[PDB]
Amino acid sequence: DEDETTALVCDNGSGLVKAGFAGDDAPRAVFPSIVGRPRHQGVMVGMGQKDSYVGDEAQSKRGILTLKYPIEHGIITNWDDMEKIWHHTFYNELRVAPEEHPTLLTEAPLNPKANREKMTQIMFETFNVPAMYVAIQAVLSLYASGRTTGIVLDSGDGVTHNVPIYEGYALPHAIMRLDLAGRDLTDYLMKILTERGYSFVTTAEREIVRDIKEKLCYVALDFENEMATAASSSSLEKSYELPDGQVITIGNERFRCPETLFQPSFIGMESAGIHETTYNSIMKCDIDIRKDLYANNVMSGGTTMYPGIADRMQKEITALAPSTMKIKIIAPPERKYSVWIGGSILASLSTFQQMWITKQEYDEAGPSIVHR
Amino acid sequence: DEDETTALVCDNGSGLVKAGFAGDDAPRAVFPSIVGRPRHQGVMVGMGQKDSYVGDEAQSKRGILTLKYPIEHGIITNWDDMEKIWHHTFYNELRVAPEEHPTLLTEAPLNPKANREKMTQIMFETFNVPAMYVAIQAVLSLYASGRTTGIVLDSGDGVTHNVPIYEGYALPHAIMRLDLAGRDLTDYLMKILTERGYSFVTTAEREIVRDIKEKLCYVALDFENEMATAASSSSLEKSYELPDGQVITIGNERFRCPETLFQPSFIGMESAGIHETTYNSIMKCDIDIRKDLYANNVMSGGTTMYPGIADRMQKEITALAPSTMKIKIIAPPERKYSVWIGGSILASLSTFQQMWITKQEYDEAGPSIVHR
Amino acid sequence: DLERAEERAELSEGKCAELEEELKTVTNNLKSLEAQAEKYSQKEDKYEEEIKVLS
Amino acid sequence: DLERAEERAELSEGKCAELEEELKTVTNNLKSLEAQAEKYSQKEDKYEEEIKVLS
Numbered sequence: 001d002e003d004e005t006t007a008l009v010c011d012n013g014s015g016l017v018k019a020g021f022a023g024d025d026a027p028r029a030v031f032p033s034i035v036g037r038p039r040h041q042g043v044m045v046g047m048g049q050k051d052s053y054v055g056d057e058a059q060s061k062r063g064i065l066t067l068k069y070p071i072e073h074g075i076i077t078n079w080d081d082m083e084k085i086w087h088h089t090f091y092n093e094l095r096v097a098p099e100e101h102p103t104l105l106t107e108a109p110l111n112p113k114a115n116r117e118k119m120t121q122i123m124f125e126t127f128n129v130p131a132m133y134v135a136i137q138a139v140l141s142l143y144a145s146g147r148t149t150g151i152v153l154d155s156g157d158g159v160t161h162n163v164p165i166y167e168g169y170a171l172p173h174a175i176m177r178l179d180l181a182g183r184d185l186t187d188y189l190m191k192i193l194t195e196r197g198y199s200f201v202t203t204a205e206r207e208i209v210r211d212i213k214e215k216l217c218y219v220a221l222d223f224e225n226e227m228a229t230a231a232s233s234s235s236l237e238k239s240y241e242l243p244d245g246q247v248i249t250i251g252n253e254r255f256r257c258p259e260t261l262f263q264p265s266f267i268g269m270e271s272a273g274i275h276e277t278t279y280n281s282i283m284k285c286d287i288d289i290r291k292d293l294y295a296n297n298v299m300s301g302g303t304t305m306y307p308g309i310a311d312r313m314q315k316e317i318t319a320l321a322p323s324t325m326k327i328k329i330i331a332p333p334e335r336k337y338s339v340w341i342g343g344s345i346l347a348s349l350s351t352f353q354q355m356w357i358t359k360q361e362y363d364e365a366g367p368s369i370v371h372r
Numbered sequence: 001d002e003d004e005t006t007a008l009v010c011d012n013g014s015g016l017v018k019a020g021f022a023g024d025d026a027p028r029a030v031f032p033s034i035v036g037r038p039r040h041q042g043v044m045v046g047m048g049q050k051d052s053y054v055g056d057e058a059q060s061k062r063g064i065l066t067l068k069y070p071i072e073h074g075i076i077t078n079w080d081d082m083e084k085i086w087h088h089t090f091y092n093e094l095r096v097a098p099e100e101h102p103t104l105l106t107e108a109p110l111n112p113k114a115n116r117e118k119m120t121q122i123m124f125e126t127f128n129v130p131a132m133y134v135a136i137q138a139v140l141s142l143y144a145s146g147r148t149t150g151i152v153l154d155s156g157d158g159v160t161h162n163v164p165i166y167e168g169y170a171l172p173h174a175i176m177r178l179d180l181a182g183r184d185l186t187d188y189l190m191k192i193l194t195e196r197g198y199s200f201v202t203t204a205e206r207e208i209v210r211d212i213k214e215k216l217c218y219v220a221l222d223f224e225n226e227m228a229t230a231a232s233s234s235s236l237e238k239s240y241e242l243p244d245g246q247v248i249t250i251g252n253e254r255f256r257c258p259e260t261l262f263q264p265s266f267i268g269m270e271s272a273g274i275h276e277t278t279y280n281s282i283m284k285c286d287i288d289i290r291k292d293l294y295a296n297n298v299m300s301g302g303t304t305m306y307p308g309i310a311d312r313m314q315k316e317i318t319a320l321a322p323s324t325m326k327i328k329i330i331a332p333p334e335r336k337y338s339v340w341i342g343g344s345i346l347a348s349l350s351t352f353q354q355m356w357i358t359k360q361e362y363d364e365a366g367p368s369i370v371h372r
Numbered sequence: 168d169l170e171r172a173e174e175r176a177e178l179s180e181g182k183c184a185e186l187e188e189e190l191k192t193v194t195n196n197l198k199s200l201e202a203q204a205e206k207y208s209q210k211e212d213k214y215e216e217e218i219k220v221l222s
Numbered sequence: 168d169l170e171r172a173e174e175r176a177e178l179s180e181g182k183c184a185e186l187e188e189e190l191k192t193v194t195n196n197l198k199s200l201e202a203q204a205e206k207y208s209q210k211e212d213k214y215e216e217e218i219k220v221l222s
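Protein chains in written order, with the entry's author numbering: chain K, 1 to 372; chain I, 1 to 372; chain A, 168 to 222; chain B, 168 to 222.
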């Protein structure tokens, strides 16, 4: 129990932090990855002067603060502001004292060696956690779907990745990163919806375009004869009621937004798209392992939640793969937390105890120890 | 007690001064904002030659003096004559010595920086008050209705304003000023009542048209089919008995006077009216704060006291606002003193002590100190 | 059943406010008429005593 | 959001009724004080005219 209860799992994202206790089924804490700094001197009624704001209080009060994102494209870019988000996570969100809890953290696919050593330096030397561990994100997603070999298409708020994993070892030279994700996708909907003849003028109009994207957006299979369908004008249309009455209608654009993930050309991106990239990762891997990867395309991440994403991907890679092959696109329902759940499982596991980096290892080996 | 008893609250208006002690429920002193200067040399029986007259003695003796209004449209226009009204307030009306009383004063919505510094220069350097503070009027009105975010429609004797306030900070760029108020409104009634076939010939006829406006005037909802009602001639009519017998009847015009506040066109004004202006203030503010402002339209000022003002405004902005919105027009009964009461509360408060500008702050920082 | 419960709530809150407002005005018109009545009763008794003495 | 809208509706209807009741009582106390005030004002003016004439 000492640490059975006690292991923490913190998944640091570009848009959201997911956090909680190893053992739980889902994150106890989910909140924006921002750190707000007040543009002016003054106070809220009853509070003192605050130097900084994090998560939702930074979002809610955004009009008087300069908002900053510590993690650009999955990589920690500002370490002063990240130690601020961690502090908030332990002390306010989970309300635990960190110096008696083992902490499993996550990093990104080709996270620079030096960063994995730096967050270890900050975990052990400024938070004084007993022990910690850094798992790679795609690797926890795979594992949370039971398996050990597969290829994960991972897509969240600032990055998309393909991480081919074989008997647990993520394959460095076959990993692909595509910098277009849910953030890019909300801003494109924004324009095709103002372009539908609308105005997201006040900040209460801006924010909810993102809630339109999440609730009403679709990834149609045969996106071709779906536009064609749009035109005959079926009961395909969908009206959402705004903060007030102002019933906005979205028929068609509803799927023009996730067609951006297959066609980056919709947004002036010259890069290849999700399905081709799944494939290219795969023809960059060893030959003998390619049947395995093909029958185990595990999807994780908030942006892979658009319904019919899996069917489109299913047919997208069948038709690029040699017919002798078995294609299989696994997309679980909890996928917006796969990464986290994979960490919860792993860290609550009976056999993981012997991989925890302890302060004994650290004080004796330097940050190098956990770096592997 | 030193200053718990001792804080003064002086609300300077275009028509009336409201004054008294922080702590009280209502102003100890209310009187016209005039300064009379005798047109001829001579005396009243038993008095000496008087150079000047202020408040009610200036009104009562108006036939031999040239009357002057120091505050034009809420802004202090003559500083020689204002120091005269302050002097009168402290020494004669409240009969206090100012050099041992902290003084909370009020200013108008976009009061020029230089004025807030000038009345501070006169408070500290010619009245020698221990400490003082200048609150913005709409902001005290809001606060006296308990809240901190809302939009105040403030309307008195020379100005009308809309001041959107968010967690206490009045929003400069969304404030609207409409120069038509109770003064304009008494003169319009005057004409529709002489136009009813009457004569307000002597000064005892002039003054009481204003007491007709206050007692008998109404703001009808559906001002349309209220004129229509007037015609069928119901028992809608209302006769007032003059200083003498001369029973004057006012049926209809009774509401044609406050319909001027929604239709400025009744008086050759091309500006928009109260309700549209409430609204325009609101579509000039941030988007995310517009649901707040809509559910918190606080009314203050002598001219917002016309019964049924709130119902007309209620329906005036519901029908301009998106139906998804909650409208809420708060109009308290003490509203002709909201501003003052908000100051009484605030200045008698336990936490306000640390915002008082003291002579220590001033003698050391210059007028800049209180200016903020 | 809701748009109905909320609509009934809003109409009764509106009614409530209208009546509460009509009241501050009638109880206030009052302190004024009761005070005017007492002021006149005292002016009356004074002149009733002075008429007795001039008679 | 409902048990909340219905509960707020019931409490505001209760408030509404209490205030509407307090009012029939204050407006009724009124026709009485205003009538007493007018009755005395007329007794006053009569004796003020009779004191003038005896003076």
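Hint data in this document are derived by calculation from the structure and do not stem from the laboratory. Wrong hints could be hidden among the right ones.
Below 25 Å or equal to it, Euclidean Cα-Cα: the simulated SDA-like pairs (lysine to any residue) are [to be verified]:
{"no.": "1", "chain 1": "B", "residue 1": "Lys198", "chain 2": "I", "residue 2": "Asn78"}
{"no.": "2", "chain 1": "I", "residue 1": "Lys113", "chain 2": "I", "residue 2": "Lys191"}
{"no.": "3", "chain 1": "B", "residue 1": "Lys206", "chain 2": "A", "residue 2": "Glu188"}
{"no.": "4", "chain 1": "B", "residue 1": "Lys219", "chain 2": "I", "residue 2": "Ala170"}
{"no.": "5", "chain 1": "I", "residue 1": "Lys291", "chain 2": "K", "residue 2": "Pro333"}
{"no.": "6", "chain 1": "A", "residue 1": "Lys206", "chain 2": "I", "residue 2": "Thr324"}
{"no.": "7", "chain 1": "K", "residue 1": "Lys61", "chain 2": "I", "residue 2": "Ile327"}
{"no.": "8", "chain 1": "I", "residue 1": "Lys215", "chain 2": "B", "residue 2": "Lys182"}
{"no.": "9", "chain 1": "I", "residue 1": "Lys284", "chain 2": "K", "residue 2": "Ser233"}
{"no.": "10", "chain 1": "K", "residue 1": "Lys61", "chain 2": "I", "residue 2": "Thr324"}
{"no.": "11", "chain 1": "I", "residue 1": "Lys326", "chain 2": "B", "residue 2": "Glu174"}
{"no.": "12", "chain 1": "A", "residue 1": "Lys213", "chain 2": "B", "residue 2": "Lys182"}
{"no.": "13", "chain 1": "I", "residue 1": "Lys328", "chain 2": "A", "residue 2": "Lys213"}
{"no.": "14", "chain 1": "I", "residue 1": "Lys238", "chain 2": "A", "residue 2": "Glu188"}
{"no.": "15", "chain 1": "K", "residue 1": "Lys215", "chain 2": "B", "residue 2": "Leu169"}
{"no.": "16", "chain 1": "B", "residue 1": "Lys219", "chain 2": "A", "residue 2": "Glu185"}
{"no.": "17", "chain 1": "A", "residue 1": "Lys191", "chain 2": "I", "residue 2": "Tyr169"}
{"no.": "18", "chain 1": "K", "residue 1": "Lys61", "chain 2": "I", "residue 2": "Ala365"}
{"no.": "19", "chain 1": "A", "residue 1": "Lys198", "chain 2": "B", "residue 2": "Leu169"}
{"no.": "20", "chain 1": "I", "residue 1": "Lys284", "chain 2": "K", "residue 2": "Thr358"}
{"no.": "21", "chain 1": "A", "residue 1": "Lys213", "chain 2": "B", "residue 2": "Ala172"}
{"no.": "22", "chain 1": "B", "residue 1": "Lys210", "chain 2": "A", "residue 2": "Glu188"}
{"no.": "23", "chain 1": "I", "residue 1": "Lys315", "chain 2": "K", "residue 2": "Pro243"}
{"no.": "24", "chain 1": "A", "residue 1": "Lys191", "chain 2": "I", "residue 2": "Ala170"}
{"no.": "25", "chain 1": "I", "residue 1": "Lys238", "chain 2": "A", "residue 2": "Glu185"}
{"no.": "26", "chain 1": "B", "residue 1": "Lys210", "chain 2": "I", "residue 2": "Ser239"}
{"no.": "27", "chain 1": "K", "residue 1": "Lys68", "chain 2": "I", "residue 2": "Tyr169"}
{"no.": "28", "chain 1": "K", "residue 1": "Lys113", "chain 2": "K", "residue 2": "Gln59"}
{"no.": "29", "chain 1": "I", "residue 1": "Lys238", "chain 2": "B", "residue 2": "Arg171"}
{"no.": "30", "chain 1": "B", "residue 1": "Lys206", "chain 2": "I", "residue 2": "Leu242"}
{"no.": "31", "chain 1": "I", "residue 1": "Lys284", "chain 2": "K", "residue 2": "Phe200"}
{"no.": "32", "chain 1": "B", "residue 1": "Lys198", "chain 2": "A", "residue 2": "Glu174"}
{"no.": "33", "chain 1": "I", "residue 1": "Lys291", "chain 2": "B", "residue 2": "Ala172"}
{"no.": "34", "chain 1": "A", "residue 1": "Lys182", "chain 2": "B", "residue 2": "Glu189"}
The following label-pair restraints were derived from C-beta to C-beta distances [what the hints assert, rightly or not]:
{"no.": "35", "chain 1": "I", "residue 1": "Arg210", "chain 2": "B", "residue 2": "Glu187", "range": "45 to 51 Å"}
{"no.": "36", "chain 1": "A", "residue 1": "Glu177", "chain 2": "I", "residue 2": "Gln353", "range": "53 to 59 Å"}
{"no.": "37", "chain 1": "K", "residue 1": "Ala97", "chain 2": "B", "residue 2": "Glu188", "range": "24 to 30 Å"}
{"no.": "38", "chain 1": "B", "residue 1": "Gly181", "chain 2": "I", "residue 2": "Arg210", "range": "38 to 44 Å"}
{"no.": "39", "chain 1": "I", "residue 1": "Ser368", "chain 2": "K", "residue 2": "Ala365", "range": "56 to 62 Å"}
Every residue gets a Cβ at the ideal spot worked out from N, C-alpha and C, and that includes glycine.
Status of the hints after comparison with the structure:
no.: 1; hint: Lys198(B) with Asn78(I); verdict: 49 Å, violated
no.: 2; hint: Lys113(I) with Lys191(I); verdict: 39 Å, violated
no.: 3; hint: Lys206(B) with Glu188(A); verdict: 29 Å, violated
no.: 4; hint: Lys219(B) with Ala170(I); verdict: 62 Å, violated
no.: 5; hint: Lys291(I) with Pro333(K); verdict: 35 Å, violated
no.: 6; hint: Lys206(A) with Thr324(I); verdict: 54 Å, violated
no.: 7; hint: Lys61(K) with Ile327(I); verdict: 23 Å, holds
no.: 8; hint: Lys215(I) with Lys182(B); verdict: 28 Å, violated
no.: 9; hint: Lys284(I) with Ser233(K); verdict: 37 Å, violated
no.: 10; hint: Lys61(K) with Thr324(I); verdict: 23 Å, holds
no.: 11; hint: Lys326(I) with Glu174(B); verdict: 18 Å, holds
no.: 12; hint: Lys213(A) with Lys182(B); verdict: 46 Å, violated
no.: 13; hint: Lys328(I) with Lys213(A); verdict: 52 Å, violated
no.: 14; hint: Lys238(I) with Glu188(A); verdict: 21 Å, holds
no.: 15; hint: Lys215(K) with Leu169(B); verdict: 23 Å, holds
no.: 16; hint: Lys219(B) with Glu185(A); verdict: 48 Å, violated
no.: 17; hint: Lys191(A) with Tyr169(I); verdict: 31 Å, violated
no.: 18; hint: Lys61(K) with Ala365(I); verdict: 32 Å, violated
no.: 19; hint: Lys198(A) with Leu169(B); verdict: 42 Å, violated
no.: 20; hint: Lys284(I) with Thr358(K); verdict: 57 Å, violated
no.: 21; hint: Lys213(A) with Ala172(B); verdict: 60 Å, violated
no.: 22; hint: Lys210(B) with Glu188(A); verdict: 35 Å, violated
no.: 23; hint: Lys315(I) with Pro243(K); verdict: 20 Å, holds
no.: 24; hint: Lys191(A) with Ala170(I); verdict: 30 Å, violated
no.: 25; hint: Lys238(I) with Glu185(A); verdict: 22 Å, holds
no.: 26; hint: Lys210(B) with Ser239(I); verdict: 23 Å, holds
no.: 27; hint: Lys68(K) with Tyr169(I); verdict: 24 Å, holds
no.: 28; hint: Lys113(K) with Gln59(K); verdict: 32 Å, violated
no.: 29; hint: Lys238(I) with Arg171(B); verdict: 45 Å, violated
no.: 30; hint: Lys206(B) with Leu242(I); verdict: 20 Å, holds
no.: 31; hint: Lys284(I) with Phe200(K); verdict: 14 Å, holds
no.: 32; hint: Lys198(B) with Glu174(A); verdict: 36 Å, violated
no.: 33; hint: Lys291(I) with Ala172(B); verdict: 18 Å, holds
no.: 34; hint: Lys182(A) with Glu189(B); verdict: 15 Å, holds
no.: 35; hint: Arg210(I) with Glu187(B): 45 to 51 Å; verdict: 33 Å, violated
no.: 36; hint: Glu177(A) with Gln353(I): 53 to 59 Å; verdict: 42 Å, violated
no.: 37; hint: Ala97(K) with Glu188(B): 24 to 30 Å; verdict: 58 Å, violated
no.: 38; hint: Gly181(B) with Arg210(I): 38 to 44 Å; verdict: 41 Å, holds
no.: 39; hint: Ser368(I) with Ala365(K): 56 to 62 Å; verdict: 59 Å, holds
Violation of the numbered hints given earlier is confined to hints 1, 2, 3, 4, 5, 6, 8, 9, 12, 13, 16, 17, 18, 19, 20, 21, 22, 24, 28, 29, 32, 35, 36 and 37; the remaining hints are satisfied by the structure.
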